[PDB]
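The primary structure of each chain is shown beneath.
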Amino acid sequence: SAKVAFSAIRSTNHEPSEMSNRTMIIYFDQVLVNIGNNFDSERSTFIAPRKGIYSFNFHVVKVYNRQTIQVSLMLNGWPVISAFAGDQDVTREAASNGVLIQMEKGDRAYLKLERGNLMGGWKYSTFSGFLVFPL
Amino acid sequence: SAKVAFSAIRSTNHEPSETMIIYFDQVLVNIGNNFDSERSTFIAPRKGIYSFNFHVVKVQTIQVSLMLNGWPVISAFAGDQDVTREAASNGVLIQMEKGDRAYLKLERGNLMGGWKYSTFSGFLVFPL
Amino acid sequence: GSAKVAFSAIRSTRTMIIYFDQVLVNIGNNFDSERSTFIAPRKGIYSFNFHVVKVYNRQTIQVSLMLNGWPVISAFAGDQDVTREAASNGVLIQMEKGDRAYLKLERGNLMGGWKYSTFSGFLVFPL
Ligand SMILES: *[C@@H]1O[C@H](CO)[C@@H](O)[C@H](O)[C@H]1NC(C)=O
Numbered sequence: 059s060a061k062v063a064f065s066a067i068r069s070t071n072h073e074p075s076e077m078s079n080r081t082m083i084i085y086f087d088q089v090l091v092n093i094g095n096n097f098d099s100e101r102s103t104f105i106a107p108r109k110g111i112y113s114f115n116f117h118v119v120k121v122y123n124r125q126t127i128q129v130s131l132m133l134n135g136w137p138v139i140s141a142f143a144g145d146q147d148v149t150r151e152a153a154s155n156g157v158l159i160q161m162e163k164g165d166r167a168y169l170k171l172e173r174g175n176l177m178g179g180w181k182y183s184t185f186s187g188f189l190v191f192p193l
Numbered sequence: 059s060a061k062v063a064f065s066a067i068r069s070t071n072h073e074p075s076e081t082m083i084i085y086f087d088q089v090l091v092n093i094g095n096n097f098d099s100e101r102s103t104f105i106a107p108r109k110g111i112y113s114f115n116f117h118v119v120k121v125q126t127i128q129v130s131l132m133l134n135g136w137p138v139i140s141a142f143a144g145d146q147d148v149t150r151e152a153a154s155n156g157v158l159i160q161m162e163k164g165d166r167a168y169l170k171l172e173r174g175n176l177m178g179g180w181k182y183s184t185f186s187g188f189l190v191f192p193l
Numbered sequence: 058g059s060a061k062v063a064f065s066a067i068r069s070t080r081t082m083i084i085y086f087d088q089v090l091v092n093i094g095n096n097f098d099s100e101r102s103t104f105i106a107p108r109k110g111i112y113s114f115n116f117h118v119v120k121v122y123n124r125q126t127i128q129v130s131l132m133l134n135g136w137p138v139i140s141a142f143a144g145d146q147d148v149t150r151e152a153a154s155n156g157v158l159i160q161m162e163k164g165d166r167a168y169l170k171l172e173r174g175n176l177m178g179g180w181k182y183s184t185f186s187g188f189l190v191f192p193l
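Chains as they are written, first to last, in full-length UniProt numbering: chain A, 59 to 193; chain B, 59 to 76, 81 to 121, 125 to 193; chain C, 58 to 70, 80 to 193.
No lab work stands behind these hints: they were computed from the structure. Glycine residues also receive a C-beta, built at the ideal position from the N, C-alpha and C atoms. Check each hint, because a few of them may be wrong.
What the hints assert, rightly or not - Restraint ranges, calculated between C-beta atoms of paired labels, are given here: (1) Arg-124(C) with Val-121(B): 37 to 47 Å; (2) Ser-69(B) with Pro-107(A): 20 to 30 Å; (3) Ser-75(A) with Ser-75(B): 44 to 54 Å; (4) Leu-193(B) with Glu-100(C): 22 to 32 Å; (5) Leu-193(B) with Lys-109(A): 38 to 48 Å; (6) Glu-162(C) with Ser-75(B): 43 to 53 Å; (7) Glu-172(A) with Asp-87(C): 20 to 30 Å; (8) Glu-100(C) with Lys-109(B): 25 to 35 Å.
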């Protein structure tokens, strides 16, 4: 209803599943907040419970930054915003962006690795979201 | 009044138009219409705490300062190393009055090749 | 009233706790100790975001958001040659009354200082 919020973090440097390599969906294992449980089980897809304005924020951190990576915030399979990183030799680098989106009942919001790979594991990556107000 | 929010994106790599103000053509969210027509200015409709967030993406060292009534409040920097793209990002909460104007100014550098994928967001957290 | 909790601070000109002298917003006065410290007044979901600016070029820094002396999220800037690189991250947290949230310089020393570093947070909704 009025209180919907999720907060996830990848607490581990493990490689992606070969199921996750296909779908190109970035998943998060450690869930710090899930109010209304609309952020589902390690699929890392948010299901809008009702109509309203929602906030979204992500940071995709990588240990290996050789090849460029592009992360796109998806809405029902269509990209909304994008973040860019890679082509670096650094300690750790984050591809980060945030946006507010008007959602209708049942929309799906998730992160897709449009380009690059998650070799060496993404760790300390974050994905947050909450309902600002329903409309 | 109670529910105020905006959200905009630079959807094309087009060169800037003629004031040193970074505008965004694609508006996802505008609740209350307090974010003006295809430019960067948000006008506070009531006293309260407002959230603001911006990610200005480029393709030289540019400084983006979040302006409030003509003075800078926070600043972001994007030193151009050997990269395809780079973002100057920051965010803050500000206490604002009815009539205050928050917008993004490009203090240093220029945006050529476009500032595509740059975002700007903001909403009223609670009134006062 | 009790449902309105928000703070935001910048850094202008020990336990490795980063501080932000200029306080833009403090509603409820629950951010104190001349830094990014903040005690939750009530149980609920709180938002947090921070940008720690790596001023000097050749350094590497790591900033960890702390919850009662334990890291929750980490931000990284360094091993590069770019001036004023931001170690940034954000998270929502479930917290109870008395929980302390602050920023710790986990690795490195902010050289050239840190300036235009921001640290803000607010109560999304109580529980
Ligand atoms: C998924 O792709 C990454 C990057 O190539 C690889 O390291 C990982 O092993 C792949 N997953 C599986 C299950 O092989």
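Against the structure, the hints come out as follows:
Our hint of 37 to 47 Å for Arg-124(C) and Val-121(B) is violated, since their Cβ atoms are close to 25 Å apart. With their beta carbons about 29 Å apart, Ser-69(B) and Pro-107(A) fall inside the hinted range of 20 to 30 Å. Between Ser-75(A) and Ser-75(B) the CB atoms are about 47 Å apart, so this pair conforms to the stated range of 44 to 54 Å. Hint check: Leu-193(B) to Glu-100(C), Cβ distance near 25 Å, so the stated range 22 to 32 Å holds.
Distance hint check for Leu-193(B) and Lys-109(A): the Cβ-Cβ separation is about 27 Å, which falls outside the suggested range of 38 to 48 Å. At roughly 51 Å, the beta carbons of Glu-162(C) and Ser-75(B) sit within the given window of 43 to 53 Å. For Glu-172(A) and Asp-87(C), the hinted distance range of 20 to 30 Å is not satisfied, since their beta carbons lie about 40 Å from each other. Taking the beta carbon of each, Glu-100(C) and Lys-109(B) are about 27 Å apart, inside 25 to 35 Å as hinted.
Checked against the numbered hints given earlier, the structure breaks hints 1, 5 and 7 and satisfies all the rest.
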